[PDB]
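Residue strings, one per chain:
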Amino acid sequence: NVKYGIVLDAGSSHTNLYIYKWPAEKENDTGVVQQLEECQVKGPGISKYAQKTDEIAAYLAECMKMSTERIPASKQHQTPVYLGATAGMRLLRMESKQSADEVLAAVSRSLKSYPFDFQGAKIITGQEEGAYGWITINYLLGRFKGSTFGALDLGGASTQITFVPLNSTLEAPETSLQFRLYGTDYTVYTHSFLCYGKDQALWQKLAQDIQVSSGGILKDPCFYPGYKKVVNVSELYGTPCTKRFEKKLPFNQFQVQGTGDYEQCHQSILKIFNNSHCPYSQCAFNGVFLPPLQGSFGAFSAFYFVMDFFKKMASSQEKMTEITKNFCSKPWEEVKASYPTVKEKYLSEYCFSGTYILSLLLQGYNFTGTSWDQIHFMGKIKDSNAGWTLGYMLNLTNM
Amino acid sequence: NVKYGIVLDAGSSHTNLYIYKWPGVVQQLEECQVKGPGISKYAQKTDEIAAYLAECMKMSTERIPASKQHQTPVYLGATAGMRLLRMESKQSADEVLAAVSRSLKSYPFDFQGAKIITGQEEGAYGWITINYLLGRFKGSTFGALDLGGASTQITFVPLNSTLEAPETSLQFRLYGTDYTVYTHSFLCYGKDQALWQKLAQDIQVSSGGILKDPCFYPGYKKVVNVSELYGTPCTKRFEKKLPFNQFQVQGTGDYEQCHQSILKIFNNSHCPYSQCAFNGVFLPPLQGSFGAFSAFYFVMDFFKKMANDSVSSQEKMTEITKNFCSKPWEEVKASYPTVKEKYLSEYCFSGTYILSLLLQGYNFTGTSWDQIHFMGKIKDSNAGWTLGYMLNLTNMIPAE
Ligand SMILES: [Cl-]
Ligand SMILES: [Cl-]
Ligand SMILES: [Cl-]
Ligand SMILES: [Cl-]
Ligand SMILES: [Cl-]
Ligand SMILES: [Cl-]
Ligand SMILES: [Cl-]
Ligand SMILES: [Cl-]
Ligand SMILES: [Cl-]
Ligand SMILES: [Cl-]
Ligand SMILES: [Cl-]
Ligand SMILES: [Cl-]
Ligand code: NA
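Going down the list, the sequences are from chains A and B.
For the first sequence, the residue numbers in PDB author numbering are 46 to 190, 205 to 373, 378 to 462.
For the second sequence, the residue numbers in PDB author numbering are 46 to 68, 76 to 190, 205 to 466.
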């Protein structure tokens, strides 16, 4: 009859549980996997539990109950549950392999305690995360019966780019991934840039820019005029991503003061990217190989959530740069009063995140001019989230 | 009573044919090295494959009793040379596999296929070979380090069986015991491709068709054809437009400039893992003893014959190489008159390369250096992947 599968996406911002369902896989047809329900776990990402793994159980309980409430009891024992953690957990592992392991063991312990078929709790690789997102979107776009779309994924901690290039090379064979799907072997370029998700990029920029001299203030063009937020230096330096900028600071804490200038914001962003070393034909940034761009792209996760916000304010690069520039210069009190339904944690970041997305796509990946139009921003296709989890489910269902 | 099987290892530098025999009991009966380069050099010369294979196949027919030839399987497994050719041209690689197949099938044995084996197979099979030969299967196992002309592999059982990149991971059961083995093959990091990466990286429009190179002896010369240098996928990343067709490498024998030039072909800047080998590839912490074979052995053996015929500290191996690199090419030839110059001319490079790969690549520094055992043969059978491949493909490996 119907079959179910649960995938937890343990990302750096939040954990999300996904329930998938599909016709039981008979010989007299084939049918599709689709997203049935999603739950967002209340709280931060799992890495924030490193020193309190005894609370992991409780942390996951509400969304796990949704799943036992939602999936019929007679279908539960045979339903797989998997948790994949991403860049937040890769950073925690860099800090301390043991913390990461103690986090993941408490997750297994919790998940194993449910009536579902535990399939594992792992930190997935950057290449897997990228490939699986490319699988999700091409599957949902029906492309697996011709050319495929590239996949751009942006999160809090990392960003991925995955596409089939014109020419397959040994330029950086650790950037290639070959796999078979519906009788076709595929060879994709895929890379995850750790620390270049939107939140880690902001920590890098702040660490880069903070002055010993400042008396505990950082004027910052990436936030609205009148915006103020106090930053703990210990938190700022509590990520591997800012290690290269660490300095002794004569203060424990500092206030960010918005100055709302898109152009200065752009310039300040460009500074956490290195373009000076490329041991290949051409590169993205930080000496990482990138093949020439090819085909159309789906951009999702924070690419979508941030772009769609700016689009709803109006779709060329020139038009999007204008909307962003104007929005950046709007005072923070005006911004909150104009978007009063939006969580201030997201609203406070849109200037920064929009300018960052534009820098990443245009300077990082070279989607300039002609190429800008080859990017399609997407959240759901056929009602399933674009993301890695559906492709993970497809492959874990031996599809 | 006797049973035989044949495996041709079609590597980048040579094809080697091995006859195995048996009733840990399988044994190499004889090896034959096929004269000439690797099969991928026959890409436009596929009519010549038959003649190329003839001597070693004739050997095999002379050695195995005719009474036994028909139940004797024959396999060819080709490695990183043919992986590169498949990249350069899937067509060519396929015509070579076709020409090899036709030829092998003309012999009176059980023909069982010619195929390009994967990097993981190549690695796992090497590790199986050395532990089967060492009787570590009847316990701790040895790690395997393999170096050829075109790729290098590192395979071992890590302390933690949950690897950070399960793409580097294999899980299997051998003779009663469950194993999780880390394995990785680094294409283009065999000793010959590494030299071409380095020369392609170092040649400049300003070179005026002369490249002074510290990894070759004073007085040594070698002509490098540009279109050949750029005919490997391994140099594509360094290609540039050059106003000459060929250039001459002129040795200046300086170990430490050699070492530095070498380091420049590895990327060590980004590692999203706890630790890496190079080029962002995960490597677990090293553990236990390792056997280092193929070109690790033949190169190292030449050097330890300068070190009281024993691999000594990294410090002493380094010093030995350093001294050796300085010696003029006439002197080096005069001091080793029995050694083929094609090998002799490459020892300063290959030795410096192997030390960098092991010490900075695979992180065998300090304390860990002592646990590498360089070995050619174990109990009269070659360390390599071919015996492990044979054992599995004849399902002669039990789970209990
Ligand atoms: Cl996290
Ligand atoms: Cl992320
Ligand atoms: Cl983050
Ligand atoms: Cl390219
Ligand atoms: Cl609103
Ligand atoms: Cl709020
Ligand atoms: Cl070859
Ligand atoms: Cl090789
Ligand atoms: Cl080679
Ligand atoms: Cl000389
Ligand atoms: Cl000699
Ligand atoms: Cl000679
Ligand atoms: Na290393």
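For the record, the hints were derived by calculation from the structure and aren't laboratory data.
Treat the hints with care, since some could be wrong.
Unchecked claim - Selected chain B positions facing chain A (Cβ under 8 Å, derived; list incomplete):
1) 231
2) 297
3) 333
Just so you know, even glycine gets a beta-carbon here, dropped at the ideal spot from N, CA and C.
A quick look at each hint next to the structure:
This hint holds: residue 231 of chain B has a C-beta 6 Å from the nearest C-beta of chain A, less than the 8 Å allowed. A hinted interface residue such as residue 297 of chain B counts as satisfied when its beta carbon comes closer than 8 Å to some beta carbon of chain A; here the least separation is about 13 Å, so the hint is violated. Here the hint on residue 333 of chain B is kept, as its CB sits about 6 Å from the closest CB of chain A, short of 8 Å.
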